[PDB]
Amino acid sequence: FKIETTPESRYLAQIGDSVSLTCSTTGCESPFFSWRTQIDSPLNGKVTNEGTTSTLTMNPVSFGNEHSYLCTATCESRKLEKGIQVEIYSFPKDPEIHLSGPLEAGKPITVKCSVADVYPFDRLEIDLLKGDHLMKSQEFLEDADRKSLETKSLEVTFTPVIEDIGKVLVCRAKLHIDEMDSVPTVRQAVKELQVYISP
């Protein structure tokens, strides 16, 4: 009688997505499965028991799924248990680059880069680069008062020059959560620079 879960011990789950946790056994003819969180609150998920497996589906993942979920498998009078820690975040869209007007050599241009629906925002770092050089970087260490999706942004004003033609402006958003590589730390927007001369 052995208990097995997928994932092994942790799932980085994105708010709004449809995610499933599975608990299984080998060596048991008719196991019964039971799920609970460490604080015995609702699961905010649907449990389906079939054969030698139990699936806990969270659809959609919400803030109510940030728990250590525990599966208990009962085989006759024996019980084995294994826990899966569910960690949540939101990073659904690439950054958006807003420009105050066309780039004109010698005239100021204001660039605004925003990333929508982020969580946890206190872990976001926004980089603005021109070519391969960083113009401005913004962190948001101001600790979150609660749990919600937030839109954050970085703004910079610079004066374009003729040699900026062909350079690419890149707005890079990095979310610092322990990585479960399949879920990226980075998202970026690129815009090739067309510079206009003024007659």
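Numbering follows the first chain given and starts at 1. Compared with the form deposited in another entry:
- When one rigid part turns against another between these two forms, the hinge among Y89, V111, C28, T159 maps to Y89.
- Once the larger rigid part is held fixed by C-alpha superposition between these two forms, the smaller part shows a rotation of 17 degrees.
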The other form holds:
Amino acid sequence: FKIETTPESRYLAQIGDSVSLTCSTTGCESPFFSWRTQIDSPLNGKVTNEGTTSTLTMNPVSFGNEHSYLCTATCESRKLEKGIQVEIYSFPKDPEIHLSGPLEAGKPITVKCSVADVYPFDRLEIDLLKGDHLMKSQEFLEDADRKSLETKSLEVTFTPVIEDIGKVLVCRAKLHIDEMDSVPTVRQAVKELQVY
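Next up, the form deposited in another entry in place of the form deposited in one PDB entry?
Chain only, nothing else included.
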């Protein structure tokens, strides 16, 4: 008598997706499945017991699904428990580069790169590069307040020069999470410098 789950022990889900957590048993004819969170709050998911397989489906995924779900299988007098830690994240769109004005050699200008609806932002890194030279890297220290989609930004000032003409301003946003293979961790925007 044993219990299995898929994923094995952790699932990285992007907010807005439909995710299914399955729980199976072997060695039991008619098991009784039961799900719950560590702290005991609404599952915010739909359970579907079929034979020896129970499926918890969260759709759409939200901040309410950010828990460690515990599947419990009872077979007559014996119980088995196995959890699956669900982590969520929001990284829907590319960054935006905003120039405070027109590019004029000798005249300082302010660049501002921003990324919208991001979670968790304490794992976000924004890099602004002129060509392949790093002008500035911005972090947002580990301390949110609550679960909310935010729009954070990087701001830097610099004086363009005749040599910057033709070079590209590249803003790279990196979300340092435990990636789900094909799941994006880096998004970027480019802007060609047209100095006058």
